[PDB]
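Only one chain is given next, in structure tokens, and it is the form solved without the partner chain.
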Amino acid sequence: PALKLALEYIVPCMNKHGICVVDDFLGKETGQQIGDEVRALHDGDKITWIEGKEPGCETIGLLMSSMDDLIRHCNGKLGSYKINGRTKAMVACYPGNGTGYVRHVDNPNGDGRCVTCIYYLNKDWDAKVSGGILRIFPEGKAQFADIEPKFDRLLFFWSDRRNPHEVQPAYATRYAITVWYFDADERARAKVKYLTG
């Protein structure tokens, strides 16, 4: 149940460490289905933003609705954030040509995004053999964390400067879906600069 998982794990883990992992998020059957839709969608990296209701993206929509379900039950308990929206789903295809991703902060200048959510959908992926490990350096901590892109794994972490992260090279094609949730106040201040946007 999303309620138990949100209050007994996600909320306390995020407030304590700012990095949270949920394994076996949707089950093998749904995971494979999402892989089929992602592969059929993508058949440097390739990026596509999915709203969830497009033809052939129905199970990606279920993934997004499941994430929303968890964040909903975290209402008002993730720090001081008021999460009132999110981006589309960044459905990314990462090439296995021995390329990694430089260390970066997702939201370094307050663009409204407060929580990064990544779902990994590569069945039987063995990071020990194929690479692609995510390395997060939580600010001010004496440790850093290597997160394997395990199949059906869901990852939460703060999007701001608290979590600089880099990705190690991979040697086989892989896919991940990222979604960012907004903070009401921050996202509002970021929208003021635009005429209409």
Contents of the next structure:
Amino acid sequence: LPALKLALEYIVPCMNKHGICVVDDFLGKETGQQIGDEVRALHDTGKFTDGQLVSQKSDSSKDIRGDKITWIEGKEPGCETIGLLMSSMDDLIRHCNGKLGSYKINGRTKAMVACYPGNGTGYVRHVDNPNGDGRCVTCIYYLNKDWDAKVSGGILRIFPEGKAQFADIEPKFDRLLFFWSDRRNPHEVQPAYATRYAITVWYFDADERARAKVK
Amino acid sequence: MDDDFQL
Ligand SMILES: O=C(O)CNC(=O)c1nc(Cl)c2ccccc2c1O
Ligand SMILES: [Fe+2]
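Having seen the form solved without the partner chain, please provide the structure of the form deposited with the partner chain bound.
Let us now look at the entire complex, which starts with that chain.
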């Protein structure tokens, strides 16, 4: 679908309504598969960190590390398609100008590529931006082929604030996700038993960001 | 803080 249509008939209304929006088959197999390869190349070439220190005790030969990350600008060699994904996310947001709440998005962060190694680690329940640092919208692109949460875990569980239930989103291949970055969406990544990749980009609201250093 | 890119 053309971005503007995807944005106007789906993204905008879903976001203002639920604060969470899922888009399957965002770029298609050929482009989605290439992004997967570039991401996997960065991993195999050691561009990723060693992983978040989960269990830090006494004999550090058995320290347990979880999610590994690397910041991508999109212009790095061997990251062209990743750069293409970022431009595609930008166009959608751009088309949502002045319709996502009363926000006015003027910029974004670099892409944060994450790899949960599959050693049973996940990510504790958290709020992406709990202290008004400017990030209003979180955007995640998943690239995991035939991911079966029933055996591999790695579900993204979001607990919408004005709700008793929670939303379970599987890190499926070619899936694009949007959700308010603040207190409205506390979320967590359930333990992953298989290598799990995702690419995150946060969009900034001009006003929240502008006063971030003086509020 | 986080680096900001103009889209
Ligand atoms: O990947 C997912 O489905 C959900 N991920 C997150 O919510 C998430 N959030 C933050 Cl703030 C970080 C922060 C650092 C590294 C990974 C993160 C992560 O995967
Ligand atoms: Fe998060």
